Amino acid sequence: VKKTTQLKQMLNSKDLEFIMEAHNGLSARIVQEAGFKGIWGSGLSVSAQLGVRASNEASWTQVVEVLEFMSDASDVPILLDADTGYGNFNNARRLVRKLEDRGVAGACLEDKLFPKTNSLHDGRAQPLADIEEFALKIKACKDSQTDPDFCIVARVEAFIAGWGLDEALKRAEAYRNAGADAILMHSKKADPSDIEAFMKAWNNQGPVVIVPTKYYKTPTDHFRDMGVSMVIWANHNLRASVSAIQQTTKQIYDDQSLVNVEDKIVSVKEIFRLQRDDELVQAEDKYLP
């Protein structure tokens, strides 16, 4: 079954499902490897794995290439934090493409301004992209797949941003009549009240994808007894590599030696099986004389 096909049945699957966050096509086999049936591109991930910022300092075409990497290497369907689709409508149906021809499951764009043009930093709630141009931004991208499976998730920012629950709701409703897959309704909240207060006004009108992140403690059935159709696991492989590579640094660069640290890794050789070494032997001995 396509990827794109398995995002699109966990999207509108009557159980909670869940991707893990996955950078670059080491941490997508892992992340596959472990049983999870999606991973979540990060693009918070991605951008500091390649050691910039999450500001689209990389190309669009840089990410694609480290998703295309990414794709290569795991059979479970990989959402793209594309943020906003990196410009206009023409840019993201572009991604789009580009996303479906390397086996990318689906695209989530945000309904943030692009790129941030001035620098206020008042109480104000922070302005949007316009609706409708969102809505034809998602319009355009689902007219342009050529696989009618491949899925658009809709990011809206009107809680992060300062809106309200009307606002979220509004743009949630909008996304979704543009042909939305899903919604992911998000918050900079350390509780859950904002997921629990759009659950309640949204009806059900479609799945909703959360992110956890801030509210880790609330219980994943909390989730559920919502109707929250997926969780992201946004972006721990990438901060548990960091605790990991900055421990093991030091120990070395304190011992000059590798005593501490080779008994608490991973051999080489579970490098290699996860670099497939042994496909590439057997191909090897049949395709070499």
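Basically, rigid core = biggest C-alpha set you can superpose within 1.5 Å across the two forms. Residue numbers count along the first chain shown, from 1. Compared with the form deposited in another entry:
With the core held fixed by superposition, the comparison between the two forms singles out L44 as the only member of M226, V231, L44, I30 whose CA moves by at least 2 angstroms.
Core-superposed comparison between the two forms: the CA of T84 exceeds or equals a 2 Å shift.
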Contents of the next structure:
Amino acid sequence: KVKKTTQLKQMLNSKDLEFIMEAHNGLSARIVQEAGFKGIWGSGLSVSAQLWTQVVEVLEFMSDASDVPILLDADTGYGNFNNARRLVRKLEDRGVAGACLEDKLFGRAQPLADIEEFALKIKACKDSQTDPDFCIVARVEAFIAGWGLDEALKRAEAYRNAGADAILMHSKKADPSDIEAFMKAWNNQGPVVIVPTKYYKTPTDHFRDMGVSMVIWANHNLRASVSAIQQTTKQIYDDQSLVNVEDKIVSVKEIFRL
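Can I have the other form now, the form deposited in another entry, not the form deposited in one PDB entry?
Left out here are the partners and the other molecules; the chain alone remains.
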């Protein structure tokens, strides 16, 4: 069997556009695996549970419930260098395949982490790893914060030079213009991961043409689940009956299977 860390690293470096899907708990992680996805984006754990110590607990469950690699959407646990190094060790021990760290410190002109400090933090994470294939993805918020292409490129290069296995270049525009500008200036210095949530009408083949390495479908299972629960609860509250929901939900047998 191939270690999950190795599985993720192979995906980040492959010649094809890869895809990972959001999962926010044990059950959704299982569903994402059963669907055929080669990896999971671990995110929305806190909202699901309504909440670092507690977050790591859920991952162990998600990890134990799946065979495919989980890349963690980390936004806590790396406040200083000692914590960042400890975070890598904890995730490694729980079967998590990688962690995505962000330089965001929050929309124009909003602050970002000191470039040297964040690059140094990426390096510390890489030095902390015991599994050579554990992945550290560095997310750049330069475009979102209104700093232009120059700043985005400067940060992507600094983080890749520090050892990041991939750069997650983000943008909140409705079109992929920031990503296109970056890919052109980047000259393929390393794998690039994107989150097309806001520019979702972009044809996916366009990402292939740009040479993007991986696409993350970031929060749709959580959003779908909330919609379904809200609609189902309202329907039953109003009808005081199950007749209008019984045919739109899975059988109890499917639950028994799960």
